[PDB]
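Protein chains: 2
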Amino acid sequence: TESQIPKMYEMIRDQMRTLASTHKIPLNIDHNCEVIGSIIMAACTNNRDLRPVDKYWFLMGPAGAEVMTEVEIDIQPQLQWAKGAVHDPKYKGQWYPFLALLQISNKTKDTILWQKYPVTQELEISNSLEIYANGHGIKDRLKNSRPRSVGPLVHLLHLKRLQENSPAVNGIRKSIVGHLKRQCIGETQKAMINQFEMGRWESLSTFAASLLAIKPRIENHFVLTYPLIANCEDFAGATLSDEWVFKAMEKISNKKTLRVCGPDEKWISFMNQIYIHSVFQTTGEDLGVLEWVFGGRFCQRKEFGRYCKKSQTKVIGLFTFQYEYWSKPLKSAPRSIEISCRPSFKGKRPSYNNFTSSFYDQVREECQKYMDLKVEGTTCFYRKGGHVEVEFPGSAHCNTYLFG
Amino acid sequence: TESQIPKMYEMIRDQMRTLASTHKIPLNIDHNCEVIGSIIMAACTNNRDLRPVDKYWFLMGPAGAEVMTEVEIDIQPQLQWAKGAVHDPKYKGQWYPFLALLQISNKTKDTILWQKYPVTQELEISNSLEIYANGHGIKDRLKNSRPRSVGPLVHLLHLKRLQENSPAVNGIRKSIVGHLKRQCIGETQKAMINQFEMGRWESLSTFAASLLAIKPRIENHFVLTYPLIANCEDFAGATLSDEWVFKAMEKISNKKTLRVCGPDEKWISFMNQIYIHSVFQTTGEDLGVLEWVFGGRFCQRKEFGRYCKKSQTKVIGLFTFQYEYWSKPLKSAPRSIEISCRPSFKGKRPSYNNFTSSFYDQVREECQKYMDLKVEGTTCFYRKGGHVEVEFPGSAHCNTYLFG
Numbered sequence: 001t002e003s004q005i006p007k008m009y010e011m012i013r014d015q016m017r018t019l020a021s022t023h024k025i026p027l028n029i030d031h032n033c034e035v036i037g038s039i040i041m042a043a044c045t046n047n048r049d050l051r052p053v054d055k056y057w058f059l060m061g062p063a064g065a066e067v068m069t070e071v072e073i074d075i076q077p078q079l080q081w082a083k084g085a086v087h088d089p090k091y092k093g094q095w096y097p098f099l100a101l102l103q104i105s106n107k108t109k110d111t112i113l114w115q116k117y118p119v120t121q122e123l124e125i126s127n128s129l130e131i132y133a134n135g136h137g138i139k140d141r142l143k144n145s146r147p148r149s150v151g152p153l154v155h156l157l158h159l160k161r162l163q164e165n166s167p168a169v170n171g172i173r174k175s176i177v178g179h180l181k182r183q184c185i186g187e188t189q190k191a192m193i194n195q196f197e198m199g200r201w202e203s204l205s206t207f208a209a210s211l212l213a214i215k216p217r218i219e220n221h222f223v224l225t226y227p228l229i230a231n232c233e234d235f236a237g238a239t240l241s242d243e244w245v246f247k248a249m250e251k252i253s254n255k256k257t258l259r260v261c262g263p264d265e266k267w268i269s270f271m272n273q274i275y276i277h278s279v280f281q282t283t284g285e286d287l288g289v290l291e292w293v294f295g296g297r298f299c300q301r302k303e304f305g306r307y308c309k310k311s312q313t314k315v316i317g318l319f320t321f322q323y324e325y326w327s328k329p330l331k332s333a334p335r336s337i338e339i340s341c342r343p344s345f346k347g348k349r350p351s352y353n354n355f356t357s358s359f360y361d362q363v364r365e366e367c368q369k370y371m372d373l374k375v376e377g378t379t380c381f382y383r384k385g386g387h388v389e390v391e392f393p394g395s396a397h398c399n400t401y402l403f404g
Numbered sequence: 001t002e003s004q005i006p007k008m009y010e011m012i013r014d015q016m017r018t019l020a021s022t023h024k025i026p027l028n029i030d031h032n033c034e035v036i037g038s039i040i041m042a043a044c045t046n047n048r049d050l051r052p053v054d055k056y057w058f059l060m061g062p063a064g065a066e067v068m069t070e071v072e073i074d075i076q077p078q079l080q081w082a083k084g085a086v087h088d089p090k091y092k093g094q095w096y097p098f099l100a101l102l103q104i105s106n107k108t109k110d111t112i113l114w115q116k117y118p119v120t121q122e123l124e125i126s127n128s129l130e131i132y133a134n135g136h137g138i139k140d141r142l143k144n145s146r147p148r149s150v151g152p153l154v155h156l157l158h159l160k161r162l163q164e165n166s167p168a169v170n171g172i173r174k175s176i177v178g179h180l181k182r183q184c185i186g187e188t189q190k191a192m193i194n195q196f197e198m199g200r201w202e203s204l205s206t207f208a209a210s211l212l213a214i215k216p217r218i219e220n221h222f223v224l225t226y227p228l229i230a231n232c233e234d235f236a237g238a239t240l241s242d243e244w245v246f247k248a249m250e251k252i253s254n255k256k257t258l259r260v261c262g263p264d265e266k267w268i269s270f271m272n273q274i275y276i277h278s279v280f281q282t283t284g285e286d287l288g289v290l291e292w293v294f295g296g297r298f299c300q301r302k303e304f305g306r307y308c309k310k311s312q313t314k315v316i317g318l319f320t321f322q323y324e325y326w327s328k329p330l331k332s333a334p335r336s337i338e339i340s341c342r343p344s345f346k347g348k349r350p351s352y353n354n355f356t357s358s359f360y361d362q363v364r365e366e367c368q369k370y371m372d373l374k375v376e377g378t379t380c381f382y383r384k385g386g387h388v389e390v391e392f393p394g395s396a397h398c399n400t401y402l403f404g
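Note that the protein sequences, when read in sequence, are chains A and B. Each step along the first sequence adds one to the number in the numbering used here, with nothing skipped, and position 245 is 245. Each step along the second sequence adds one to the number in the numbering used here, with nothing skipped, and position 168 is 168.
Honestly, the hints are just simulated from the structure, not real lab data. There could be a bad hint or two in this list.
Copies of one chain are not kept apart here, so a pair can be met inside one copy or by any two copies together.
[Said to hold, decoys possible] Below, simulated SDA-like cross-link-like pairs (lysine to any residue); rule was C-alpha separation at most 25 Å, straight line:
id	residue 1	residue 2
1	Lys266	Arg173
2	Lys181	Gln121
3	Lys24	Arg141
4	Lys92	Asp140
5	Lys266	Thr45
6	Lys346	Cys380
7	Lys139	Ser166
8	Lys255	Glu389
9	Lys309	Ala333
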């Protein structure tokens with residue numbers, strides 16, 4: 001799984017710089033990186049969406065003189081390389097699994113900048129559940145290649161979408177139902193997803209309350225973004241289940257060679273937190289968790305007004321990052337629910353005492369059981385510099401999400 | 001924006017009196033001024049419509065002996081005068097925005113006397129919402145010059161006209177739709193005007209239904225009428241965002257030189273209120289505020305029969321006006337729109353709980369939002385004699401309208 005990760009990162013950056021440096025697009029602007037990277041992922045999976053030559057919004061200017069303009073770029077050199085990697089045996093079939101993570105993480109910032117809830121509104125549920133709707137708008141081939149990363153609500157939406165709109169549909173339906181079942185580990189949630197496959201959505205609002213109560217398994221992987229990939233010069237130990245990604249971001253952060261673009265200079269801290277939000281998929285993480293782990297307070301979306309248009313994003317400051325702790329990516333669900341004798345032998349023994357003396361209800365019983373659960377994660381958190389097991393004692397910015 | 005206002009009123013008035021005084025057309029009758037001004041507006045915007053010499057209805061007679069007749073006039077001295085102001089740099093390109101305001105305000109009297117609902121009927125919606133359809137019949141160049149002043153329905157009708165009428169189609173449509181979005185600040189309405197761009201007029205009645213609850217932003221300005229422009233001898237402090245217009249009108253009213261026309265002498269009060277309705281564009285504004293602001297009851301259209309023909313309209317009395325309050329013209333939208341724990345830590349925390357225990361729905365949801373809030377406005381009213389903020393206490397003639 002992680003064997004092919006080191007080789008993918010190096011050429012992604014190589015193509016990241018090749019497209020940018022061809023038309024004098026500096027890579028120290030996030031918007032230059034995000035837009036070019038958006039062009040980059042366009043060539044990766046949906047090769048026909050992007051034009052071979054097209055004008056995109058870029059920050060053109062030498063030594064901080066970048067101004068908003070549309071610059072035509074030639075993507076054909078990048079198009080040929082990406083298509084040959086689709087079925088290249090050198091990746092052992094991990095190309096589509098690797099590309100699905102990239103599409104979700106990079107489009108996450110766009111969802112962060114423009115707060116929208118497409119899946120939850122389309123699933124007539126609470127809007128606070130779009131965290132469980134991760135992986136929306138991704139390619140269905142990616143959604144089949146890495147379905148575990150794609151949130152159940154997106155699959156539930158695709159389950160709803162599939163019913164709304166062919167033997168190959170089964171491999172789309174049974175898998176999407178399977179990803180819903182694999183992601184949602186709740187005993188009541190698994191069966192109550194199956195009735196969604198039947199076509200009834202009266203418990204869909206129950207799924208709205210269940211998701212808040214029982215947390216489905218959401219597999220995660222630490223993947224960098226285009227501004228960081230173009231600024232990362234080391235990929236020797238590029239894996240997906242250690243502190244290398246955390247160390248890499250600190251190395252990039254210590255370099256301070258990357259700038260961010262926003263409506264105004266107040267967003268420098270907000271979008272510095274966005275990098276931590278996007279890379280580790282911690283957009284919905286508790287703001288104090290990202291505070292203790294990353295040594296800095298995390299702002300809320302409510303602290304800022306409407307995000308400026310992509311046609312007017314202006315450089316506001318240098319990207320900064322710091323971390324004091326970390327953890328392995330969340331493989332299973334963070335919340336898990338995993339005094340007498342029966343002498344089966346006829347011989348006489350002393351006896352000892354260890355004690356002195358509906359469907360929605362079962363969902364609520366499981367829902368209330370997960371209210372009782374207070375510890376999350378799989379094994380533990382790890383301190384910076386290694387995999388030393390560290391368990392959190394308590395914080396101050398608790399109880400608050402980025403969108404909460 | 002308001003820098004050139006003092007000079008525009010003087011030069012408009014100078015040729016306003018020049019055209020009337022050339023052929024001995026008295027300026028103390030409303031009908032003479034309005035018809036002369038109807039000739040004045042013709043030379044300013046649509047030069048190719050009015051004849052260089054033509055006969056129009058005026059009141060000919062000395063010292064109250066005026067009688068309806070058609071008087072030929074020579075508009076050519078005003079025709080060449082007006083065309084030179086079209087692209088004169090002295091106005092800084094504000095000639096187009098200024099002429100739109102004059103065209104809308106002075107056509108109000110014709111709409112008040114002749115109650116018509118052209119936009120709503122062509123939009124197949126409730127006829128009681130043509131007041132929302134402000135700025136109908138105005139020049140398209142003016143409509144592209146001050147689209148904010150032109151009501152959304154008129155733009156929506158022009159949007160409907162544009163679909164029921166080419167790169168110029170998109171340019172007009174984007175101006176129409178873009179200023180449709182600016183006028184309607186509603187989050188649901190903004191997306192619900194979007195399908196009107198393509199031509200999905202099924203929610204057009206729902207748009208009328210929405211217009212009942214959500215009240216869009218309409219930019220207004222205080223512009224005098226031709227009977228007042230020709231009778232106003234002071235334009236030194238002529239601006240658009242203070243009490244000067246209210247004070248300038250009162251001096252004209254105190255002069256008691258201008259006379260008004262009507263089918264019979266009962267209309268003296270009705271036509272006096274028309275000046276208030278025409279200048280401040282308060283045709284569909286509540287009588288209670290009008291009674292509170294201006295210290296007098298406002299007669300409705302139902303209290304009088306159909307307006308007699310302009311050929312048989314007779315002078316019915318002297319123009320009068322009085323006011324006690326005012327307000328800065330509506331710039332932003334008149335309507336105003338501006339609980340649980342989500343653990344992610346591994347730490348032991350004091351638990352806090354803040355709770356003890358379809359598209360049309362969203363459209364009705366935002367509709368209900370304006371229903372719930374009991375304030376329609378942001379800052380204040382103002383009293384006569386200055387800009388002292390005087391909050392509106394209430395009135396007995398509330399919920400009663402000129403066409404309501």
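Verification of the hints:
1. For the identical chains of this complex, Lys266 and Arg173 are neighbours neither inside a copy (45 Å) nor across copies (36 Å), given an alpha-carbon limit of 25 Å.
2. Both within a single protomer and between protomers do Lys181 and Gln121 lie at most 25 Å apart by alpha-carbon distance, with minima of 21 Å and 22 Å respectively.
3. Proximity of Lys24 to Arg141 under the C-alpha cut-off of 25 Å is found in neither arrangement, the shortest distances being 33 Å within a copy and 42 Å between copies.
4. In this assembly of identical chains, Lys92 and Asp140 lie within 25 Å of each other by CA distance solely inside one copy; the values are 20 Å within and 55 Å between copies.
5. When the C-alpha separation of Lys266 and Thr45 is checked against a cutoff of 25 Å, the pair qualifies neither within a copy, at 35 Å, nor between copies, at 46 Å.
6. Proximity of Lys346 to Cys380 under the C-alpha cut-off of 25 Å is restricted to the inter-copy arrangement: shortest distance 8 Å between copies versus 46 Å within a copy.
7. In the homo-oligomer, the alpha carbons of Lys139 and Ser166 lie at most 25 Å apart inside one protomer (19 Å), although the nearest pairing across protomers, at 35 Å, exceeds that limit.
8. Proximity of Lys255 and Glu389 under a CA criterion of 25 Å is satisfied in neither setting, with 29 Å inside one chain copy and 55 Å between copies.
9. For the identical chains of this complex, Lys309 and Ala333 are inter-copy neighbours only, at 22 Å across copies versus 37 Å inside a copy, given an alpha-carbon limit of 25 Å.
Of the numbered hints listed earlier, those contradicted by the structure are 1, 3, 5, 8.
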